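Number of protein chains: 2
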Amino acid sequence: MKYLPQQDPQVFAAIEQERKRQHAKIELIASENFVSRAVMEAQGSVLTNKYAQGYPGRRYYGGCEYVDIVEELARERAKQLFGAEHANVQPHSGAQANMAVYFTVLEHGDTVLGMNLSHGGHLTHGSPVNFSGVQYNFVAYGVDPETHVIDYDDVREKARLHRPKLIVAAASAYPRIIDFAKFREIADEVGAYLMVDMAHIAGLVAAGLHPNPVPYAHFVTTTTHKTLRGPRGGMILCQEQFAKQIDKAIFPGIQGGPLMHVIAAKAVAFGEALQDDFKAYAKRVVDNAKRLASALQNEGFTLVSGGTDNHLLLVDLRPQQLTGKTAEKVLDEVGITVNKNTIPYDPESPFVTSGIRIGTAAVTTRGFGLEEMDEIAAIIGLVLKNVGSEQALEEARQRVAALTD
Amino acid sequence: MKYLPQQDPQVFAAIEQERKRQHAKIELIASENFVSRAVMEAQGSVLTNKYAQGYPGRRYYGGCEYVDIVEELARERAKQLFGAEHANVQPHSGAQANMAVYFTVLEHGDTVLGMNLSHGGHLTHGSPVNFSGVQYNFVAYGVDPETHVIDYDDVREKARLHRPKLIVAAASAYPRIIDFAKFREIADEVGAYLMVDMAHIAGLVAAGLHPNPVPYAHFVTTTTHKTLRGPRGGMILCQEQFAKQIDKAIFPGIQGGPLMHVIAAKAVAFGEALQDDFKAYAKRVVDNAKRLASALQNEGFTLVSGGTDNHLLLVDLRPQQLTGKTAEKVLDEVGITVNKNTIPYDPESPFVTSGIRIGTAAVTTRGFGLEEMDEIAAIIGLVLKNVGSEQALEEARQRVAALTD
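Protein chains in written order, with the UniProt record's numbering: chain A, 1 to 405; chain B, 1 to 405.
In case anyone wonders, no lab produced these hints; they're calculated from the structure.
Take these hints with a grain of salt, some might be off.
It does not matter which identical chain is meant; a pair holds if it fits inside one copy or across any two.
To be verified - Using 20 Å as the maximum straight-line C-alpha spacing, the simulated SDA-like pairs for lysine to any residue come out as follows:
#: 1; residue 1: 290; residue 2: 55
#: 2; residue 1: 248; residue 2: 129
#: 3; residue 1: 279; residue 2: 326
#: 4; residue 1: 283; residue 2: 335
#: 5; residue 1: 25; residue 2: 80
#: 6; residue 1: 329; residue 2: 65
#: 7; residue 1: 325; residue 2: 243
#: 8; residue 1: 2; residue 2: 46
#: 9; residue 1: 25; residue 2: 370
#: 10; residue 1: 2; residue 2: 19
#: 11; residue 1: 248; residue 2: 152
#: 12; residue 1: 182; residue 2: 382
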């Protein structure tokens, strides 16, 4: 940076602390990642100066010839990545991407079936304090209480009883592969649309490491950050037949002008994801998650669903008589960043929890491998098995420092 | 830029074209501006890597100590600028800022009174193709057909007849000062909340050149771009009594995690707006708009409301027997960027229009003064009075080139 340190010492000092913190800590929050310098340069571009309400070649304002090239690069690269017929790269966020799909196919008060929030479902999949739950009538399907795998007979029974206009699949804390084919079969039985929110797993999908929802879902929403390792934002994919309606839902339906500089950053990230080395990166993410899961089980930890098929894992801390809140706090003390997370059939409130959620996308981006996974699990064991020992915690702090350099 | 040109030649080539276009053209779109290099550096920062769902010191995720400093700098600087008791700097956009206020105080189907869209009202103030018009029952007040000034007796009669739960004031194409005191008196008479969307005029308000809606409105929404000259995004201001509800409407109500890098950019822009030279800048904007209005009238043009009190003006092209669409296209041919805009009681559709909208914020940022305003008006006269003369248009093209260098 050149001008910010001179113009705004206060903002610069705080950014610099944040930059140093990102390096110093072990980031295990499952939705986090580190973007390339190219992605950040695109976001820091003069494209913030351009109003581009509408769509490429169908703008409401002149002078869009070049930002049209940027948006089309983003759309076409997204279509190539996911094999989708249409892309809308304008959503400001995952939340707005979901909001727009809901606005497209639902009327106020319509019934929607989504994954139980306590079992891994997202806030925008029916929380009563979220627009989703307030605006629509959400019902929930659950995971098996033993296997913690989505109970597809429960999805079906709920769909047949409640007759939802829309079924939502996807999750913020589900460590196994989701069967989109079964979701579509159920959707078809009851005449419902299928929406898949692939925010967490989008990078894995792009690398062919998770089945692709695009052939099964009427609408696929996603963030461009998380496993996809792009800038913060949203995106909708759909078949040609829904394209005009989806575009109209984003604008003029729920947003105004798009963030063209962020759209440029999306294009960049999609370019990166189309490369072979992103495929290798994504495989290391899943390889690291399995390895981390195995090493944690070696420490004596119980994992929700007994392991992982993707980038993330959930520790059930009940055997250790610890809450997720307690675990999250003590790990913070040693430089390991997790979040407390409800587990299926959690006896504790969402504010306390019996679990912690862990993902490997961020540490994998940093170059961490299988050896590092074994060491992270060993540090987590040392800490959670010795919560009252300041000596244990200091040793952990030093081992964390050894990992981050 | 260093890494983008190597990583993504296609995206870089298009950004570079856009950068060169911004310099080469005369930007008269009233909502446009050019941000500082400090603002862009903040947006291009590693803060894109941080998930910070919740609010400063009340986050749902750890590691937010530094991004909390950034967000509080933004909130406190906004509060100082506008004399507000509370600020929410998380809205992704002006649209989402409005959406959140609506979500706070209204139920589906509630009546809302806003400015007639054909008279300068915004898309999110009741368009039937926008969430606002679909979700709520919007009624409209108008401007006087002669003076083009808001008819405050019409605001009152509409409010008394329709009994709105909320009254919205503010506009995208209204060139006179809005009387917020009268809006509040009407709101109080009928027991309605008052929302002021100050997106266009926020920089002028900050510089004390437009009356401040904060003391009169229950809720003030705004963009951080436009006259405020910040990054693209939204903000809500309100009194302490509404703070918790507004914050909850943004999250968990209508968004998820905020864009922390954009929030950093908001802080930077607010820092700039608190400086004396921003006050001088804002005065030049309004001085330039009056001067431009006067010079256009000198060319024989008719202006909506007969001039301007702010940054923007609307040309009524009916005397020249031209549509806004025609004018917009021919000005584009010579390097002058305007938008066609409906005028009050426009005989033409919103897609054709009888007007063009012009603002001075962008050219003022570039250093243009009164002399440049006289020349811009002279070029516009040459072009619109000679639409069929390629020689006139070439002369205009060269005079535009002389202005931009």
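Give me the numbers of the hints this structure contradicts, sorted from smallest to largest. 1, 3, 4, 5, 7, 11, 12
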